Every structure is written in C-alpha cells, then in structure tokens.
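2 protein chains.
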Amino acid sequence: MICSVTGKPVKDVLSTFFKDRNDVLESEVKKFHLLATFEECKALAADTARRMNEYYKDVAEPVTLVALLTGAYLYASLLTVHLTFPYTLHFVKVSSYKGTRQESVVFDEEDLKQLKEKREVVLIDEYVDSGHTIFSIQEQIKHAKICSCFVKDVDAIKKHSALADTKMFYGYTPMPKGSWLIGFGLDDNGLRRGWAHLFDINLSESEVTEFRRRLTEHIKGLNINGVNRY
Amino acid sequence: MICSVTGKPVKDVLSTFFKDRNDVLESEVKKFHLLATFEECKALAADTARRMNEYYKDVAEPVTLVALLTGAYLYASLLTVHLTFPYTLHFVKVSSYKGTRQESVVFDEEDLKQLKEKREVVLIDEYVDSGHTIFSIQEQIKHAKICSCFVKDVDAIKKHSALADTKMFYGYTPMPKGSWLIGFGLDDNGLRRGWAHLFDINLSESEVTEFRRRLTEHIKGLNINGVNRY
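Protein chains in written order, with my numbering: chain A, 1 to 230; chain B, 1 to 230.
If you are wondering where the hints come from, they were derived from the structure by calculation, not from laboratory data.
Under the rule of at most 27 angstroms between Cα atoms (straight-line distance), these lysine-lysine pairs were calculated in the DSSO-like manner:
#, chain 1, residue 1, chain 2, residue 2
1, A, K93, B, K142
2, B, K113, A, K98
3, B, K116, A, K93
4, A, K116, B, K93
5, A, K98, B, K93
6, A, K57, B, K19
7, A, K145, B, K93
8, A, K57, A, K220
9, B, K98, A, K113
10, B, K57, A, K30
11, A, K57, B, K11
12, A, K19, B, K220
13, B, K152, B, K11
To spell it out: a stretch of chain A is covered by chain B in this simulated footprint if at least three of its residues, at any positions, have a beta carbon under 8 angstroms from a beta carbon of chain B; those stretches are:
#, region
14, 18-31
15, 47-60
16, 64-78
17, 82-88
Quick reminder that beta carbons are idealized off the backbone N, C-alpha and C, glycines included.
Kindly produce the complete structure, drawing on both the sequences and the hints.
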C-alpha cells in the first residue's frame, strides 16, 4: 500500500491525484485501481533504458527507434531521455486487422519499407498484451527488436518459435490476467491518457493488492542510481 | 550559474549529463550550450498546463489535442500528465511543402477532416519558430489554438492579422536571435532528441548567459506549486 519509489502511501498518492479534477466524477473515482504509480513506472523505464544503454554502448550507426501511436508517447518520453547511445526516433500509425484466421498489424507501406532497411530497429510500445501484434510485426520485419514498459506474459510470447530469437527490452512482466489498463498514456475510451499512474479497472482488490506486492518488491531491488542524470 | 528550479550549479548539471555518454565525443561536448535545464522546461510545461486547466475547467466535451510529430512528443508528455480536464490526444505527421510563394503544412486528408469538426482543437508543439507553420495551420483550421513550450518571438506571430485572434498557450518567449535548438525532443540532425535539457548550438557564451538571466527571472516568479500531483 506504499509507493516503492517515494514511500508515499498509495491512498495519499491518490488523494493528491484526485483532488478537484475536472475529468472524472467523484462517484467514478472508486472505479480506478492503481497498479503502478507514475514514479514506479519511471523507475521501470529508467531500468529499461539502463539495459538498452549497455546493449548499444558500442553501436557504430544510430539505432532506429520507432514508437507506435498513440499510447506509447509517454513511455517513449520516459525512456528516451535516459538513453545514451545514438538513435533516431519517429512515430508511426498502424492498424490491427482482425481476419478470420489471424490478426495482423498493418503498417503504412512507406514506413514498413523504411524500417526493413535498418539493421537495428526497435519498436516501442508501452504495453505488449496479446502479443499478436509482435508476432505480426516480427513476420513483417524479421530483425525487429521490441521495447515495452509492461509485458503481460513473456513465455506466451516465447512460445512462438519465430519469436524465440526476438530481442525484447521491457520494464516489467507479467501483468494480471483479466485486467484492463488505462493511464500511463493508455486511453480510457479516448480519455485520460495523461493520468500518469497506471490504473486497472477490471481486477478485484485482492488481485490489485497481489500485483502491487510483487511489483514493489521488484522495484525495491533495482539498481538504477545514476541512470537519471536530470 | 544555477538551475532556477533545483538550485544546483549548471556546471554540475552539465557534468552529470555528460559523464560517460556514448552519443557525443568529448571534443563535441563544448558545442552544446545549455539554455534551459530539463527541470526548468518541466516548470514551464507545468505552467502551461495550469493555464490550460483554468481555461478548460468547465469544458462540456473533450478537447481535441493534436501534437506535431516528431519533436512535440516530449513536451506533450510533460504537458498532458498535468491536465485535469477531458481531452483526446493524437499525433499528426504533417509535411512542410516549400512552394515558390509560400511554405504550407500538409495534413493527412482524414486528419484534417476530423479536426475541422471539433470546436476545441489545440495544436501542441515544443517550439514555434518561423511560425509559417501556424499561419498555414490556422488558414486550414482557423479555430485551432496553439500550445508551445517555447516561442521564438510571440510579437512576430501576431503581425499576421489572421493570427491576431488565434489563442496561444505558451511557456516562454523570446528565444535568442540566431539560436538553433536541439534536445527537449528536438533533433540535432536526427539525433539527440532525448537529450532532455534544451541546448543551443549557435550562440556565444555571453548570448547564452544573457538568455539564462531572463529565463531565470521568469521561472523564479512562477507559481506552479501543486500543479504536479506525482
């Protein structure tokens, strides 16, 4: 029940967050369950930057970082400010086409053509849930690497022999089955992307309490002193 | 000599920033002149959020926020997390077409069609410089408002009778004549967007020192205590 970065009790984090807002009704406040405080998410992002920094410290050509619109903008902002190797960054819009046999990610033709030419390409997304997206991206850009703050189930991802070699830089895994996330850039039917804390709206209290028990323990064990230079 | 937010000597903010990086050569470090630390930029962004919160405190429908790729991603992340009224957010990758008579901003047809329907549209940019972009945007989306962390010369934009009514939310102005900004989301020929401090690469030390004198005076007078709930 306490922020693992600041030590502030979650009830106090939330009382501050919900004070006199104009984007939520008092009666709706209880529907939002905090899974991770913004500070905790920032720590995860910094830890991910640390690993990417070690991975690319000797790179001889700028890495191509590409973020998928629109939710990844926040995570991308929290990650990129801590990167210390050369890279270019751009955002692309994709579509999720649900076919009778599979769900495929549709890229703009030019965006796809460009990405396939780069040796080091890292696609950023704040949340890898079903993974159908990365299975599809991987088959279109075989050498693509993935970067995401949260990954629901890496093993599930690893199950696919095609994704077995795919390098993923992520902040934390696993995420709760049955959850529905909003905040931390993720929209609530278009709204609340700027609600910086990561909230869930579908889990039970015990599930949220258990997720946080595991998350705080993970964050308390991090060694990211110095990653943040600001 | 110090960060107007943290109180820490700029020399140390810079030493911490440049220690063991893999994205700049030692001989190149001196090319970057700090104009505003990341914390100072965050204060300016918090100030713009405060003003937008007051402006839209009673809005009856979600405000349409549109951020201009790529550079605006960082500022948008620093702005949106502090907004307390309802809004949707999306990014557009417009083109800057240089014609023989004028430079126009080319929007995707669908993006432009959608925006023209919303009563409240706010274009987000981390830096409004030549303004040619906003003269063009307002003639395509006349009711569009602008939100930019930094503005080269507000007095100049107003010159255009068409832009005279265009509401602008901005963090700070004016920027030094002849400056070229990199960092804070802005690229240095594609690189260093994640260098979170705002740097200039064209000015003399005396020019930079004078700018910081003015920026400091402005930030010391800011009243944003409480805008940040995180």
